[PDB]
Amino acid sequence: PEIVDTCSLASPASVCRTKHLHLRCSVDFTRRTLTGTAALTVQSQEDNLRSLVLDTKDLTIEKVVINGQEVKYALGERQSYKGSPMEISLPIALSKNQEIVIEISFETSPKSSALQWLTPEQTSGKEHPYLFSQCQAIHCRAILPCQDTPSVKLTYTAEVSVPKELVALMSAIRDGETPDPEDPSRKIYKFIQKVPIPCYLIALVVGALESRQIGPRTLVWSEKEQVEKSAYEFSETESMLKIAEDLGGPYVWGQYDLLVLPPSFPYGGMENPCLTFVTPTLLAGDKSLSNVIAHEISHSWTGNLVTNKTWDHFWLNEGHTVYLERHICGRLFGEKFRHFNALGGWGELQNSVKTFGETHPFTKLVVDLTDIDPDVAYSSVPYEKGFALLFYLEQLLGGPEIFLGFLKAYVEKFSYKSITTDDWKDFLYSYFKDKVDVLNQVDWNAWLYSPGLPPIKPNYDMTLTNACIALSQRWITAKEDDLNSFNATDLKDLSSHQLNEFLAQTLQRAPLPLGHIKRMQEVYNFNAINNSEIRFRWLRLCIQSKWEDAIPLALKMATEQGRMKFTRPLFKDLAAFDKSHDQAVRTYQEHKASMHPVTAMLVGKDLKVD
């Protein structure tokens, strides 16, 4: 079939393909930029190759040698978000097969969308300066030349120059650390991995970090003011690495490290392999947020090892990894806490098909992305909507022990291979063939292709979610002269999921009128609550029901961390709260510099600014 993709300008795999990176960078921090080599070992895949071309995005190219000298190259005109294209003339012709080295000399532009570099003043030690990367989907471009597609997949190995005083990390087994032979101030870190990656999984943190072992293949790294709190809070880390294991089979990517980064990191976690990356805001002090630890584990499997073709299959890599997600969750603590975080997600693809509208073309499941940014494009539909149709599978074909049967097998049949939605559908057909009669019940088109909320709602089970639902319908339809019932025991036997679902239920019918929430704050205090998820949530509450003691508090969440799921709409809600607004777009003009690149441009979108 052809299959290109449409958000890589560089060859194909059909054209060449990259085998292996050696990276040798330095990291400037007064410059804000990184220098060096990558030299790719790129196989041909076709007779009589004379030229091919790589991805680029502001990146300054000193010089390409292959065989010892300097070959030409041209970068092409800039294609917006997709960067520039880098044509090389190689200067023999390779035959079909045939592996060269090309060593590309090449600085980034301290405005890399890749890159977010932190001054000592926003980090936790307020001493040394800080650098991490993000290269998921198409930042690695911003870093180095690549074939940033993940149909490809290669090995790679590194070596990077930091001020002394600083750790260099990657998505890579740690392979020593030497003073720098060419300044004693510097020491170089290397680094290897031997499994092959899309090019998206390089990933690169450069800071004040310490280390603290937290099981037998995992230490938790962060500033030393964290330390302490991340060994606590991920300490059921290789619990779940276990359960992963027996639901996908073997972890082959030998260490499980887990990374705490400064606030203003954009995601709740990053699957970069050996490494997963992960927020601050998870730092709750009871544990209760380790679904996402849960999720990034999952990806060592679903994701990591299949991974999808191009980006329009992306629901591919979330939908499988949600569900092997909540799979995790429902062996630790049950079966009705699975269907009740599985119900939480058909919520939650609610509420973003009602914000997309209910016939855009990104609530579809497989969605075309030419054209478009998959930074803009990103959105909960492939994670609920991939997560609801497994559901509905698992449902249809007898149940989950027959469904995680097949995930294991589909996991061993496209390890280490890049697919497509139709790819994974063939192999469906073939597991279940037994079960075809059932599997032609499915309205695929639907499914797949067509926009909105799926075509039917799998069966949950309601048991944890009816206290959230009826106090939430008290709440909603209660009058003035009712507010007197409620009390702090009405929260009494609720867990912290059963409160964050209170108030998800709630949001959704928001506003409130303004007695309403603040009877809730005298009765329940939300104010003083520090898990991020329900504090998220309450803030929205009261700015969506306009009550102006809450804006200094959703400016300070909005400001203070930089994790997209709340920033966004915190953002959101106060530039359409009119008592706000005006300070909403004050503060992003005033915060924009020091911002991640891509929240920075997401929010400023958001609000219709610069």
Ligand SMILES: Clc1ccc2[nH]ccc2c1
Given for the second form:
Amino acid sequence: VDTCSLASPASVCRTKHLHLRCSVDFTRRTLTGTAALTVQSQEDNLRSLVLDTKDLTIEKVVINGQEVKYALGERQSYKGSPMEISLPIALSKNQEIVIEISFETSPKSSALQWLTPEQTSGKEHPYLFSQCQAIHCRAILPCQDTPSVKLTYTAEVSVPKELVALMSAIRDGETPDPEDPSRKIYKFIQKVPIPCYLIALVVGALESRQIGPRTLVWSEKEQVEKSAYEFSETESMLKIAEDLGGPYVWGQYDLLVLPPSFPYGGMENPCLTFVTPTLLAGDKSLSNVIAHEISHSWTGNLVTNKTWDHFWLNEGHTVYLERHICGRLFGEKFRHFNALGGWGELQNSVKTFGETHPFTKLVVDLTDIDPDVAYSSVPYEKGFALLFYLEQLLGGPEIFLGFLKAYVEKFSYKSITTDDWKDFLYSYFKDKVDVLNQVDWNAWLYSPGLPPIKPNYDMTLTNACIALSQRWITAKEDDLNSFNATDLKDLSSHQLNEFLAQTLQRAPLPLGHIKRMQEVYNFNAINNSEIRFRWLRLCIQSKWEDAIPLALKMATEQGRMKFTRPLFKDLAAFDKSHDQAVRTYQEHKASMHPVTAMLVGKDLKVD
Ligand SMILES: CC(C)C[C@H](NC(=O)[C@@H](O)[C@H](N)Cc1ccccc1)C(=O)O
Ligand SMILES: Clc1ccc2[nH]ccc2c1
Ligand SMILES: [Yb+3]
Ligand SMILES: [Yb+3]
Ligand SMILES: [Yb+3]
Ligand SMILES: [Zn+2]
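Structure of the form solved in complex with the ligand (previous: the form deposited without the ligand):
Everything in the complex follows now, all chains and molecules, and the chain you saw is the first one.
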């Protein structure tokens, strides 16, 4: 039972295919067109079915060439409004029909951000991008909006001719629009069945550059060069992910670098991963994000969580592969460094929510909860820690990766639950069930708070970071003089980041300490987004008025929620910046991503 969806569940009917024909209208900020669902009944004598929608205007519904009856129920908040459709003829089990719905979206569709020319790089053309995960697909097109259903799709998309459309699919060519020569139609085919949350569209002044045998980077012209360099390790990451997961089945692996308001670091849209431009650090240092989205091509897009209650299946196994890619690429010690940091992000989230909070459970009950409100690192790092703990328990990485590969083959193209996963783990490791029965399943899967067991981590790359952070925290005023630029001589940008996270955990420090840190380390100059983010947090929580404009500027000039949310929150909790924080949010809110706008609004207690 998918408690985030109002649609008929997969036991009743399932969508096998979507043919989308639509037109992007920048003047009205609407998508208008038809969604033709090929629907297979799962039941005898089926006479109606129910679809998810959200802020969609339905024009008509056509089956066997006739307008048919349908009704929209009362809006149920962030779930949207169910659409009941009356079939003209009862369907037997396994029978397929095609249902063609004429629809138009709202400019406030929570799946979409419409950008004015001034909000892009070029300054002449507008831009549109989608984000359907978790349950915003219903705000683009009526559908069974649940990952328990997988479908193929094909689409034809008409856009102003000087713009380009891309989707989560293989590009199938372009032509002038026969109905209007001011337009081009772009075609797309996704031959591999997918959950609808992986449906994606961008329309913009896009250009592409080739960076490996199956990868082109796409962005606006002014980001292309820099992105081709930043993401140059992409092919080699695919080669390793294929070795760990089995064949890459999706044809293409492209990258789209979005405008700065993209709400995520990355989004594993099939054939076309979307990434934040805040990845462009100039040194490839943030590439683990690519490794992570690549990994979804197996864990997530092939084997999918059946409902969002089981999200950790998606994310934990994906972080687990991500960290294996990075460990192959850079050495086992680096995998362990990133693993430990991830445990540290886990400590932060549990501390923030509170150790008994329901959202700190690995498996969560999302009835009545908006998945955007519940979203945190918990399913990522608690899930990763589980797998990392089982890895050590069952004989090491090589052995656990043999399980990961077999799990992918086993559930390829399916949607699965935590029990489906646990069963296969027991089956695969039958010769080691004795060890498996020593796991505290009830605590690991269903209890709030930190996991009951913390794995073993190599400390090698981490020590220098913990040591500098401890010098800073235990320093008194008469110790500040001994800090020098050379303290950082031997730290990678990742160690500098981990140095800041250690220190941010004990924040505030005295203002004097922070000022000296700027004096000797000149963190203000660093443009790596992760480092700068943590440094501005350390500054604002330690109450340094000079950082108020730097924090306001970062919070609004990009919209990656990981950064923009805690920055606004910190700013709001600092009395000197509180008023400018709420003022700034209120000035920017209209032209913000609607999901970010909503979440920043709640974090600020505004509206
Ligand atoms: C290395 C990763 C932790 C990077 C991370 N990206 C992801 O987790 C993506 O694969 C997720 N699919 C992002 C997501 C999750 C839920 C709803 C909407 C979007 C991010 O920060 O965006
Ligand atoms: Cl969307 C989403 C799905 C599953 C989850 N489990 C814990 C948080 C959470 C959020
Ligand atoms: Yb073709
Ligand atoms: Yb079993
Ligand atoms: Yb002293
Ligand atoms: Zn992910």
